[PDB]
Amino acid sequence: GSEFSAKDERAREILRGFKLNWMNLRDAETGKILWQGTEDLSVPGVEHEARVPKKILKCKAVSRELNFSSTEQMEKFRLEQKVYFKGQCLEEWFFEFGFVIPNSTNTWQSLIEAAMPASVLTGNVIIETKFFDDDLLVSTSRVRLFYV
């Protein structure tokens, strides 16, 4: 039993004012779109799914582009992602956007390098994402991946 702090309140404000507008993945060797979403995969407390083309597992590198809106100002917007296959953490990724202007829309591109078959991976891979503003944890969200 504790206070609902100033940090608890601001983390809640950032979450209620944040939306992921769209996202896509491009083959980094061709610049061509492999997968697009408009579903907000950022939303915590819902068990999200993504159905990506199995040919993605072939790519040496993919670029990921996010477009997001934030009513609240953020000093250092950043993501930590862990990739799980049946509970084993296979990858740990860090991406930094930086300062977010209040009531702004923003585009963010990152590069992911391909560090087992689609038959086995499909439905057994979870990406867990932690959304921070510096050291304030705003949300934790999870996406189960399928290769189709």
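C-alpha atoms forming the largest set that superposes within 1.5 Å between two forms make up the rigid core. Positions refer to the first chain, counted from 1. Compared with the form deposited with its partner chain bound:
- After superposing the rigid core, the C-alpha of residue 70 moves by less than 2 Å between the two forms.
- Residue 28 is not among the residues whose C-alpha shifts by 2 Å or more between the two forms once the rigid core is aligned; its shift stays under 2 Å.
- After superposition on the rigid core, displacement of the C-alpha of residue 101 between the two forms stays below 2 Å.
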Contents of the next structure:
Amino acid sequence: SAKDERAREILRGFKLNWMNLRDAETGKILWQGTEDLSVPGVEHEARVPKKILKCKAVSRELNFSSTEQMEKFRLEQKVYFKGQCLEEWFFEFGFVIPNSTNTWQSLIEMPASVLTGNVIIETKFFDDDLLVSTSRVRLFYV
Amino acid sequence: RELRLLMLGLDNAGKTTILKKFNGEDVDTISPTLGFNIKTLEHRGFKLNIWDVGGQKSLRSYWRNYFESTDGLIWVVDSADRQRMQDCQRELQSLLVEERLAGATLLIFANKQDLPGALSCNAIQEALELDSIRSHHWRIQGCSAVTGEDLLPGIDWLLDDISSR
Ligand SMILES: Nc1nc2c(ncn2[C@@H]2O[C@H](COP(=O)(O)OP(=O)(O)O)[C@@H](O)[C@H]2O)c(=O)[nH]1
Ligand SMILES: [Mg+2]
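Next up, the form deposited with its partner chain bound, please; the one we just looked at was the form solved without its partner chain.
What follows is the entire complex, opening with the chain shown before.
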């Protein structure tokens, strides 16, 4: 159907270029992952300085591209420790310009051996209710 | 509630540098915005969603898709680009008569005041016809996004005015 064909164009034209973590207080990037964050057969992971666990303020930034125009774009980001919720963010972008590259950033306010390897940042992007892309990044402190 | 601030202006006005400078981030590797740059943060107890949308000619036609629910409009001007000062004026006045932006507080950032040929605030106030503006509370604030000088005075006023509504 035309509708299914259009949604395939949307999915095919979307790309999460990079994601990073900054110490909000200083504005210094603690870790930034780039290359194919949403590529198959790869358990995306991040080696971030454990000192981030001492930051009272952390900012997380995302940069994504979309060849196709979208009308009700939004993202759902949840950070888990196994099954428990550490964080959950939502954001309605709405309109996304065709052939655009965009950035979104939020200022976010247990040991390290227990966390490391057991922390996942799951980002889901939707256009109304069409799942455009899913991203999982397992965190390792230091 | 969260406040939504929409930052627009011609390309090269310095919108992105102002936003990064304001958040204490490096502003030496800033490139043209080909879409939007959104920062969600808290300042003085306010939770803000600041939308820096690209100002290239090709992108302005999409600006209107982000007008809904805007509490404050931040219009950034390159104080040293006297050339496009007329186009700048027309774009702004066009925005001021938009229905989905009615009541929104207006902050005019006369940016790049660190540059030699930077027009005064009075000059920009005249060139942009701000005195005729009467459908929106407004204030012009000269500033420098590279040094960060006077960015807060502008933002702080904007938040105080919006909250009083
Ligand atoms: N000297 C000086 N340069 C600035 C200032 N603000 C921005 N720039 C420079 O102007 C260019 C465009 O800035 P940018 O923030 O990307 O503009 P935007 O197009 O409005 O997002 C970049 O080369 C910036 O480093 C300022 O206040 N003073
Ligand atoms: Mg920009």
